[PDB]
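Assemble chain B with the ligands onto chain A, guided by the hints.
Number of protein chains: 2
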Amino acid sequence: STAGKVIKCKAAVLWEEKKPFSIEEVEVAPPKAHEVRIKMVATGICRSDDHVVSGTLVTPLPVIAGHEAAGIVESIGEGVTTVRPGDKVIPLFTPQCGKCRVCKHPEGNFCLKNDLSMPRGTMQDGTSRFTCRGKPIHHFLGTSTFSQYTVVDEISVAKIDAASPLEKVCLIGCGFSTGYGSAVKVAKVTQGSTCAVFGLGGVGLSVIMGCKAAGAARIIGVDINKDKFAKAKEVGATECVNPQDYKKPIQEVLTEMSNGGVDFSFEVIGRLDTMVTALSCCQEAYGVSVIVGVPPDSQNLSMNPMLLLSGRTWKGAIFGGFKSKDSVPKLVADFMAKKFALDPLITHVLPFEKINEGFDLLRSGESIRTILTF
Amino acid sequence: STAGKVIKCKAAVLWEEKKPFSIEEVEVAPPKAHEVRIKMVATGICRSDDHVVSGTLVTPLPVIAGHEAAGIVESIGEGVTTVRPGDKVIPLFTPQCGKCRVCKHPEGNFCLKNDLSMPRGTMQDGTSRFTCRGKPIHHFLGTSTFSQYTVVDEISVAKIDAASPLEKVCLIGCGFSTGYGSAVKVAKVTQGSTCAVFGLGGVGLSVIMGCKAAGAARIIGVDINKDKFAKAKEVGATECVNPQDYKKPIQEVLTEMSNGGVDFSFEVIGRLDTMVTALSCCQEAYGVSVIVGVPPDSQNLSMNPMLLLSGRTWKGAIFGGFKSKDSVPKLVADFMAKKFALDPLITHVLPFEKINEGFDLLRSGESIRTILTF
Ligand SMILES: NC(=O)c1ccc[n+]([C@@H]2O[C@H](COP(=O)([O-])OP(=O)([O-])OC[C@H]3O[C@@H](n4cnc5c(N)[nH+]cnc54)[C@H](O)[C@@H]3O)[C@@H](O)[C@H]2O)c1
Ligand SMILES: NC(=O)c1ccc[n+]([C@@H]2O[C@H](COP(=O)([O-])OP(=O)([O-])OC[C@H]3O[C@@H](n4cnc5c(N)[nH+]cnc54)[C@H](O)[C@@H]3O)[C@@H](O)[C@H]2O)c1
Ligand SMILES: [Zn+2]
Ligand SMILES: [Zn+2]
Ligand SMILES: [Zn+2]
Ligand SMILES: [Zn+2]
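For the record, the sequence lines run as chains A and B.
Start counting the first sequence at 1; every next residue gets the next number (the entry's author numbering).
Start counting the second sequence at 1; every next residue gets the next number (the entry's author numbering).
Simulated from the structure, these hints should not be mistaken for lab results.
Every residue gets a Cβ at the ideal spot worked out from N, C-alpha and C, and that includes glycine.
Misleading hints may appear alongside valid ones.
What the hints assert, rightly or not - Keeping only pairs whose Cα atoms sit at most 30 Å apart, straight-line, the calculated DSS-like set for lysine-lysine is: (1) B:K330 / A:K247; (2) A:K113 / B:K188; (3) A:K315 / B:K338; (4) B:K159 / A:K315; (5) A:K248 / B:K185; (6) B:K159 / B:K330; (7) A:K188 / A:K39; (8) A:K159 / A:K99; (9) B:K338 / A:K212; (10) A:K135 / B:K188; (11) A:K99 / A:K39; (12) A:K104 / B:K159; (13) B:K315 / A:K99; (14) B:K212 / A:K104; (15) A:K104 / B:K185; (16) B:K188 / A:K188; (17) A:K19 / A:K354; (18) B:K330 / A:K113; (19) B:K159 / B:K185; (20) B:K338 / B:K233.
What the hints assert, rightly or not - Just the calculated beta-carbon pair ranges, DEER-fashion: (21) B:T347 / A:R101: 54 to 60 Å; (22) A:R101 / B:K10: 55 to 61 Å; (23) A:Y246 / B:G98: 57 to 63 Å.
Claimed, not checked - Not the full set, but computed from the structure, chain A residues with beta-carbon under 8 Å of chain B: (24) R101; (25) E107; (26) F110; (27) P165; (28) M257; (29) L272; (30) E284; (31) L301; (32) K315; (33) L361; (34) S364.
The shape of chain A in the complex, shown without the other chains:
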């Protein structure tokens, strides 16, 4: 009943940094060629969405944020072949165009069509599908999931199992897949190894899940909020440490605990200092450190390259290294077959209209993932 028509719906518009979202009516244009309009069902609150608010992650404003979500296709533009109206789908904040050198590479996943490296806040064609108060509103990472309806490019959507529970599998659109893949795919954690995970939010917990799935013998969680430790242990941490409890720097503590450094470390916070600490705490000759956290915009870290010369490997990744469109449906299928759990990540559920309360919960330290329902 809405195909080819502008849809008026509610969205959470961010007009200004460091302000609450405004829940108000937007106009959502119909999809153009190779675009898909999605009726959103559930969306998670990821710290990266908060980074938009805080100016940690710079993207043009005003904006409809949201990137961790699931919904049902309302209509498809001309030439769309990979989804149909009524399909369950997860928007892909990292696209998979299938054609660029990265998409063709066996390891690569950071498709050249992404809007993360140099955000413009548009569709692939450089325009916006959103109007609010008569004004154009930017997209975010090609997804913009904080809206009852969004429009995405076909390369930024994956069809998923028709029987999928969308209020759970929305987490596969960012935080679960990111953390889990960072462990299993990017670091390639080995059986019997010792891992250190810095930051015990939704993504860090998913890292722990992956380290445990990979057979790590020890998984040391690191967080300044000791309230995060119980859940970390539930999902596989063998020990947790709070840097504030120690006189010495935590890289020294972790090196001591691991009898000379850990096999694999993960920065899952977004601080320059913890990126360097996480590198330092891995064993100097054969350790591997993976950066997952998003750093403050345009800031450089300082480090001694002797940390690498001895033999350490330092890498980072977006979305756990997963080729997004290939991997998301498989991850959903695996979830359905109980190969991993998502409930440990979900601490709060709210209606979409309570988005600002959801962000308050994240900022206070109380939540892991709040799932918003439309």
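Only chain B with the ligands this time, still in chain A's reference frame:
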């Protein structure tokens, strides 16, 4: 006969930084338990030896430097089982104790017994075998090859083929193995790939050798000294570029040349700026950059961690990642079987007594490797 006796011999002593070596008589104690005394036959001049002179690499002075060498065992201490008097040997500046966690790890080579991380300038037992003018003289990296005789720990020497030409295979003690391994073992260069090699000295040429052996399609040499380009092409470079020729930063040039970044880059100079440039010029999603150059003491680089978050891998290594005592004899065997060439690295051969002239050749840009003969 000399076994069990102090040897008085000629050595090149470095009394203080930024001075010529002093060629004079030293006393070399006999080997203690698990030590080996070696009559030197040939030693190369590696830029790392010059770093000791320039204060780029801090190690206790006064010192007998030299670490890239080959000789013949004169005598063995009690308990030595791996070499005998008369054997051809290469001192190992990275030891292989076989017992530490690094030695037991499949990918580690930076044995915990090394004297590089926190240099003490002694034998494993904390003492020196060298005196000169009544004063104790420090060792360098457990090798000290700028002497007619040295004493090394058993874990810092490998037996090699009795038919080996020592005036060539001394380069397997540092520069060749480092560069070749950095390509084939540390980076794991792939067939058909594009590589960039920063620095076209003995080590960088050996990196090129390895990239070509691994089947790279393109190997771009980068040096500010265009006189290095002809030999780089001889050993496999497909193109060479001098950053001084361009208005733009060379990472931008290399990214353009490689249609979006190289597969593998190598820093083989020892500058903070070129370490960051080399990282930046590899493809952002799947590129790998290896630091080989030795940085100036205690200096930190500055970099934006988004370079890693997109998917790059950054690593470094000592001695090409090779487990030293296992690998050196095999590399010599491979050389004797014509699997690689060493002559392209050798531009000058001088008597040991001309050590200062050999260093002047390096510093002036005129040599690759000078081999000093005893
Ligand atoms: N690379 C990617 O594709 C990707 C995907 C998803 C999230 N992210 C980023 O990953 C990070 C974590 O996201 P999240 O799990 O949603 O966030 P979160 O829920 O805010 O978790 C971060 C955790 O870090 C803890 N923390 C804060 N400061 C420190 C400190 N100094 N030492 C130790 N712990 C500390 C904090 O208490 C919290 O539990 C954020 O920077 C995100 O932007 C990256
Ligand atoms: N990691 C290891 O185990 C290991 C082993 C051996 C050598 N090294 C280091 O590797 C480096 C190279 O050693 P080497 O080959 O004997 O030295 P080298 O022969 O002096 O070669 C260095 C090359 O770098 C070139 N160069 C200098 N500045 C620049 C610049 N800004 N941009 C581009 N090219 C430049 C220079 O012209 C020369 O051809 C040194 O720092 C050594 O200390 C490390
Ligand atoms: Zn692509
Ligand atoms: Zn996210
Ligand atoms: Zn060892
Ligand atoms: Zn060397």
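Right, here's what the structure says about each hint:
A threshold of 30 Å between alpha carbons decides the hint, and for B:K330 with A:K247 the separation of about 48 Å lies outside it, so the pair is violated. At roughly 28 Å between alpha-carbon atoms, A:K113 and B:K188 fall within 30 Å of each other, so this suggested pair holds. Between A:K315 and B:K338 the CA atoms are separated by roughly 37 Å; this puts the pair beyond 30 Å, and the hint is violated. Proximity of B:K159 to A:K315 is assessed by CA-CA distance (about 37 Å); at most 30 Å being required, the pair is judged violated.
Annotation: proposed proximity of A:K248 to B:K185 is violated, straight-line Cα distance about 36 Å (limit 30 Å). Distance check on the hinted pair: B:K159 and B:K330 sit about 10 Å apart at the alpha-carbon level, within 30 Å; holds. Among the hinted pairs, A:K188 with A:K39 is inconsistent with the structure: their alpha-carbon atoms are about 36 Å apart, more than 30 Å. Between A:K159 and A:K99, the direct Cα distance comes to roughly 19 Å. Compliance with the 30 Å bound is thereby established for this hinted pair.
In summary, the hint linking B:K338 to A:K212 is not supported, as the alpha carbons are separated by about 47 Å, beyond the 30 Å threshold. A C-alpha spacing of about 52 Å is found between A:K135 and B:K188, which places the hinted pair above 30 Å, so the restraint is violated. In summary, the hint linking A:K99 to A:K39 is supported, as the alpha carbons are separated by about 28 Å, within the 30 Å threshold. Taken as a hint, the A:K104 and B:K159 pair is broken in the structure, with Cα atoms around 46 Å apart against an allowance of 30 Å.
Restraint check for B:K315 and A:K99: the C-alpha separation of about 29 Å stays at or below 30 Å, so the hint holds. This hinted pair checks out: B:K212 and A:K104 have alpha carbons roughly 24 Å apart, not beyond 30 Å. The suggested pairing of A:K104 with B:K185 holds, with an alpha-carbon distance near 24 Å, which does not exceed 30 Å. Using a Cα cut-off of 30 Å, the hinted pair B:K188 and A:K188 holds, with the two alpha carbons roughly 16 Å apart.
Note on A:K19 and A:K354: the hinted pairing holds, with a Cα-Cα distance of about 15 Å set against a maximum of 30 Å. Distance hint between B:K330 and A:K113 is unfulfilled; the C-alpha atoms sit about 47 Å from each other, more than 30 Å. Using a Cα cut-off of 30 Å, the hinted pair B:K159 and B:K185 holds, with the two alpha carbons roughly 22 Å apart. The straight-line distance between the Cα atoms of B:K338 and B:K233 is roughly 20 Å, inside the 30 Å bound, and the hint therefore holds.
As the Cβ distance of B:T347 to A:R101 is approximately 39 Å, the hint placing it in 54 to 60 Å is violated. Taking the beta carbon of each, A:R101 and B:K10 are about 58 Å apart, inside 55 to 61 Å as hinted. Look at A:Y246 against B:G98: about 34 Å separates their beta carbons, and that is not inside 57 to 63 Å. The criterion of a C-beta within 8 Å of any C-beta in chain B is met by A:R101, whose closest approach is roughly 6 Å, and the hint holds.
A cut of 8 Å between beta carbons decides the hint on A:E107: the least distance to chain B is about 5 Å, and the hint holds. At a threshold of 8 Å, the smallest CB-CB gap from A:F110 to chain B is about 4 Å, leaving the interface hint in force. Hint on A:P165 is violated. Least Cβ distance to chain B is approximately 31 Å, over the 8 Å limit. Look at A:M257: its Cβ only gets to about 14 Å from chain B, farther than 8 Å, so that hint breaks.
A least Cβ separation of about 7 Å between A:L272 and chain B falls short of the 8 Å threshold, and the interface hint therefore holds. For A:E284, the interface hint holds, the least distance from its beta-carbon to any beta-carbon of chain B being 7 Å, beneath 8 Å. A distance limit of 8 Å between C-beta atoms decides the matter here; for A:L301 the minimum to chain B is near 6 Å, and the interface restraint holds. Contact between A:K315 and chain B, as hinted, is supported at the beta carbon level, the nearest pair being about 4 Å apart and thus within 8 Å.
With 8 Å as the threshold, the beta carbon of A:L361 stays out of range of chain B, its nearest partner Cβ sitting at about 26 Å, so the hint is violated. Restraint check, A:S364 versus chain B: the minimum CB separation of about 27 Å is more than 8 Å; hint violated.
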